[PDB]
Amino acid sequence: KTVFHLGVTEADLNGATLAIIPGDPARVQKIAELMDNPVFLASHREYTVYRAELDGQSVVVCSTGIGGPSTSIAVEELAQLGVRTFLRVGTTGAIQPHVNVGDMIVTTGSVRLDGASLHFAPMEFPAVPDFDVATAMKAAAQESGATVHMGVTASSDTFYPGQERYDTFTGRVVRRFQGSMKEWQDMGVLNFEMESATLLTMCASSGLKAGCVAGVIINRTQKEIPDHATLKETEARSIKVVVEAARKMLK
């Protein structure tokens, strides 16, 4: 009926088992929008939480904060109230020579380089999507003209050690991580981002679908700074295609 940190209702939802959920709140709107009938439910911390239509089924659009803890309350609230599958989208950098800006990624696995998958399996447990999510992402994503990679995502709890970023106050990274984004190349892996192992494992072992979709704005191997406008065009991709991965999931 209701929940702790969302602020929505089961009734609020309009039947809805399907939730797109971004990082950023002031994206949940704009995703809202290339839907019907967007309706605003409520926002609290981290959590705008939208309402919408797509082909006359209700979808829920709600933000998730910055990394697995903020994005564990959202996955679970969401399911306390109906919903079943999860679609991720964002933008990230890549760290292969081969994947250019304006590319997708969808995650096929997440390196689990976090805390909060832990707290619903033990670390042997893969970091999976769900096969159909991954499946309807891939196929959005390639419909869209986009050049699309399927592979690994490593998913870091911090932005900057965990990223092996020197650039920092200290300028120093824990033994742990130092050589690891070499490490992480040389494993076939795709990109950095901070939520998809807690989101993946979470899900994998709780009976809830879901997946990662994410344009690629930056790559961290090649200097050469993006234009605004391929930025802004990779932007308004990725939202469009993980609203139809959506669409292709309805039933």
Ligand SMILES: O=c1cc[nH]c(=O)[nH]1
Given for the second form:
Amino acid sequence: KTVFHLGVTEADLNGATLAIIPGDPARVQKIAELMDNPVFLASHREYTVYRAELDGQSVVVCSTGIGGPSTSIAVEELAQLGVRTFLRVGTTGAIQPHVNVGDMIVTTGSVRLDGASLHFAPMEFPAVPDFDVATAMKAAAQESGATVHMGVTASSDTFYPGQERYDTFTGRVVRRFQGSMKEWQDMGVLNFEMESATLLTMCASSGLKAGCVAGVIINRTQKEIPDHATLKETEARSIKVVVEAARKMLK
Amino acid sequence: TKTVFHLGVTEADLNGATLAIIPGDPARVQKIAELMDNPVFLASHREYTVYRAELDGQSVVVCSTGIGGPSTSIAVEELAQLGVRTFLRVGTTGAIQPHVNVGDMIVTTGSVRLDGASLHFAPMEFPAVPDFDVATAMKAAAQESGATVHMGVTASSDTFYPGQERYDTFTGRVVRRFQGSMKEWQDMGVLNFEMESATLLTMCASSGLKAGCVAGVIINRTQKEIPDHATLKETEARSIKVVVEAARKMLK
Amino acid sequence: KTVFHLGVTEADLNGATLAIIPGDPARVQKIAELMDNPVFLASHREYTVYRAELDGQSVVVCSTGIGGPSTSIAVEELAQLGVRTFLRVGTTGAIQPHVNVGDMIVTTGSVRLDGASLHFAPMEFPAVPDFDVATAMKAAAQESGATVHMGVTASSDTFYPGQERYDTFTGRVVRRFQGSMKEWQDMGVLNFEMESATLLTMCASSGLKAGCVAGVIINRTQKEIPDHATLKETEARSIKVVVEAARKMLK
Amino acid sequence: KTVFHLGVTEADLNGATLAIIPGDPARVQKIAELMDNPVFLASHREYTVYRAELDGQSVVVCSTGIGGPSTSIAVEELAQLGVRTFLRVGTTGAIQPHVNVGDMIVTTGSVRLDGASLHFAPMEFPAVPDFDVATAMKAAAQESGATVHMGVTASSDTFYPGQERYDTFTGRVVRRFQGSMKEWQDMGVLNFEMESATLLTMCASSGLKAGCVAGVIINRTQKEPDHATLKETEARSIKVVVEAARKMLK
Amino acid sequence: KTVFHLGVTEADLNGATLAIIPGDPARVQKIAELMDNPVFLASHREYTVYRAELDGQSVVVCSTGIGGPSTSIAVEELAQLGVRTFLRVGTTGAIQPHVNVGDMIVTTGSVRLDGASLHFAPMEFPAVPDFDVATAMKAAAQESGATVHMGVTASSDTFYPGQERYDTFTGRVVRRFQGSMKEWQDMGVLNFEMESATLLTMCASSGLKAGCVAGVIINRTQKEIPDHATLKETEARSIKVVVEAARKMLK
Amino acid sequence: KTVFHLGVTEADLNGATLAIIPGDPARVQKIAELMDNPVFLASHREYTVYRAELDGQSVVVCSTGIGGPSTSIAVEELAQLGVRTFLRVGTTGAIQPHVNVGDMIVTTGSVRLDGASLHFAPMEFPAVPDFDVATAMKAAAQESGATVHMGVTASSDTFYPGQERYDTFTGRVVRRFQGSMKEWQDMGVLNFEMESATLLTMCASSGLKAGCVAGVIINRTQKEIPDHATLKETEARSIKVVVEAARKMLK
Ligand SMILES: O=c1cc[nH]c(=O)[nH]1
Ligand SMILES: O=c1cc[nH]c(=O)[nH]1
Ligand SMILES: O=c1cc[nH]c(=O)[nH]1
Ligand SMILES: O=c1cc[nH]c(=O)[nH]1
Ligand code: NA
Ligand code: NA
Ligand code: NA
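Switching forms now, from the form solved without the ligand to the form solved in complex with the ligand, please provide the structure.
Shown next: the complete complex, the earlier chain at its head.
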């Protein structure tokens, strides 16, 4: 039985019950190669799927693409194939001045500025990670030597107006999002990304274990542009951390 | 001058194109571009494969959107930044009316907004409606191809599974909001389900951009939940011919 | 057999399945006399009902009164008597600089600033015209020689605060509607009226065909006042257009 | 100087600050003639306007048409012309078994199943009448000898699905309103009508005094009423609102 | 045979079908001792319950604590034991400039800025008092010599941000409540308190009679924190009125 | 200055930056006595305030009363006097069959079925605890010997309809909450209580650290009635745990 979007079978996964789920298809092989015996499984649309072994145990790496809609498909189809634990790694924009490029964020809860979360739970439901996964991510991120922040993530269905960017084609932001960045800042929100609300809400309400770790690639309050070196390091550290968090989740 | 954040192309790269064809699947991009003159690969980052081509002597961009409103909104915004004003979406859809067949075409006249990204451009009250010229061109292109064509309302969902009231899933549960929702839409005359039209049409209708949506029916939900891969290739060839002809009509 | 409000029977309509639905009871006779053998049927409250013949086929002309509630009654009761196609004609106020007095607007979709549309479909449902009816109206309007605008209409339950008028008794507009005209303007919305969201949503969700065409008789952005001869020419043009749209809908 | 829809001026109203606002333009003359010196002022669309004298003081009678949108126009324009008090009269259909044809309902509050109300205040604002107007209406209703019910009215933007009628073209009722009648019944709601939520919210949030009184002519729960009872109820309703107005004036 | 939170039995109430429900448990004894044969029944949490006699009939006096949640528990459990009439007395802040400290406000309707009302009826439902109770409270207040105002009350789940207080730890008010006080003021709203929306909605939708009378302890056009010097006298007046209101409801 | 409701000053607190906040006023002394030099500070309405010392540092114990509104006042006024960390302890009813009487729950996130949370942040914002507090609570709970569950809690503005109880005066539950217990159960929610949504949302959005730990007194899915010895043992255990959680937070 092949799942419709991902194009893999349960046999393909080789008993894996844990998935690492990056956003970018290009990141899948890189993560897989940090582990043992990486094996390319399939590539369809934004979904690149690999299998590898961590401490003897089969693990899946599967990209989600951008946004909760495409993430929700990947998570659902992997769950059909037996995956029960989902470790999200992705890039993020910080919105607090104390948070620097190269820092790591582990989401304790997400502002649900998406639509897909609502297809699993009403708005009142918290977009919260599994406590064990969040604990493992904090441990792995801190043990890596990175500066780590635990806190609330604003998770948006857009990269532009939902993150109150005005340097756009229309230069307009709809009423709902006018003044919204200052509002999140004052509420102590750490960062913007585009998948965590969907991921955390669907998993918390569906008996699946999930968490999110993110490397800070930009800070919206900072005028300085990060150099190539810092970005490469950040990207390398992010995937190292997610693999080590996965190691901590294995039993 | 500037390279857009995700698409990784410049305005110079597009060679003066003001119209884009925006399929969902990156693999479908080259297939669209080769139906036109002088296709050139521009960039491929994440779910975004960008080609340029020439249609009747005018530069046309072809760019994948990936799945869903959020991914789609990035592509449209960045293409608009580089001078694109008209967007023709082509994709696959599931029919919820029993009379619509696999292989039929649907041109969306309005979208039920079961997405979140549309709200990042306009309040829920705003209609998720296409540019009338694009919708007219798509209908005509679809008819002239020999296809059975349906004009009507499309339900546009941020999920493939529960928001389209699919029950063959890991939990087998559908949240309260969406229980009975397919039969609701059906009784209301809604033709089909897909995942990008509400975001695309709302975003464009509220931003001074022209947009439309044509889709190939790959499944009828009165039979089953998961689409057969057979007849999927056949449906996809017709769909892309229709959209290139629709683009031709738009360029005058 | 006799509908509750309209005071007509199925027999009274002589097999008509198309209705032209103006707002003002006073306009019904004027529209009906553009066609052949106009016959007065009933008059109760804001509902004046005529019958006429167009290219040999029976046509109904029925006023709706102001607002979606009154309109919803008329459309429902006509539908009970076999009417399937509804052509809304009126005069409207433009909010775009480029739209002049004497231009025609054909609605491609309505902003649902009403309440009655929610009695037929949740807010997510598009207040969209039937495509054939929209097509017939565009053709009739363009063939008349008028400049025709295809676009979005804001459809409000009030004439005053919902259209952000401050020239009022209180001079206040509720928070929801503060800054709303400029918001609609920036979004490309063409005009305000008060019935289309109800008509379009109810029909699009009930297996009925509907559309709206309106003549522009004032512009909220222009200080200059239109002269009498233009206003009456626009009103005359509006009703000729809708009758020709009806002709295009007969088969 | 002359309001946009009503086609009357402030001079036309002769200093009137109170208005009686029936729904049906045909009822306007019938209310006006209960007072002194009734004079037709204007008729445009569903707005028929008369002026009259009650105890030496000028009073305006103006039809609203059906629904909150048309009502909101009438009330606003009358307000521009100095009207500060609005008395709504009608006949209605009850949803409670204990409420009989011939009884009067005085609305103490409205379920806001409309849209125009939200153009004046957010949903959390109560669609509530002015206490003096409601008090005067109760007294006048009791003084007429009828059984009077004080309570909540469900105010709907539609006559059909918003009142959970299934005897319709589609025979469907949107999810929001499925089971709603039983819901309102169990919560003690007295009746359905179509204008009060808009009228009451608009006036309560704009410094205007308003209230609603209505004769019961049909009951959704009771299988039935005599023609003589119906015209008597209609006659009583407008007698009551005029006497309610007299109380308001002094 | 005791209710879960209140710790009273039906026998404890000695036939009472009317309750006076102040907020503060300290006002319970005071109110009871304005009547005959006051008897302490129970005290648990914020719920102090007394019995007394008014013109030979049993009345219950029971504190609600602060807010709709704790109020809802008290009303429900008293209803279970046979109470059908609930007279709320409390403190309030005026938002209109003409309303002075020491004045009495009888609520004709409540702005539902609470959450507990939604546990009884959808937002569309009016938070309206029983007419007889409101009439009795007006009469009691006017007959006592006090200055009385009848009108709309804004009923908030918070004392601070929901009543637009800025003299707080953060100094910040969430978007929803920014500018809200002036909005209520412009709309003719008289006062702020914290229980009436819950109480009135619950009772109006549950076949129970309820009303609210409140003594003005602060005018918000002046300041945010109530002066201590005037509380005692204002509270003395309030409880005098509610007891007289109760006398008028006895049948 | 002395805060309005609590009746205490900053000097009263003796430098305390951490508060333990039970619901019941009667629990305040019982918690304080587990620490050194407990001293009664004030008692007004439902707010009983004590000060104590834990490993040489000042700690405050303050009752909240029932529900978010009362809680919001206590948290805000303590925050004005320098309190930055809030540890909630209480009772709860489990809705999962696997959760036994005598077990403890540490809330990782709350379903916002309250009103007061909205006065601090829109519904999209997660009702989430501070991660260090939840970590400290889990550790303290485990080291006490009890079985601990980490998970989502449904936080309701009512005890009755919002927790889908039908054994009530009216015997009915508003549409919104019909079928809601089963919904939460299928979504993996552990329990119902009445304060966590407000507490966690206000603190997470206001730069305050907060968490919630609770003893399971009763299971909605079990028929077996828990022994008196069990219920008292769990009450005692809950407060020992929160004091230990406090110790972990201080150093
Ligand atoms: O600013 C950013 C950076 C990465 N991802 C986002 O969603 N936003
Ligand atoms: O059923 C379907 C088929 C294609 N695309 C969808 O979104 N749904
Ligand atoms: O301002 C005030 C005074 C008393 N009670 C309130 O809720 N607010
Ligand atoms: O079931 C319960 C038990 C304690 N507290 C609650 O709120 N609910
Ligand atoms: Na995508
Ligand atoms: Na009308
Ligand atoms: Na309380």
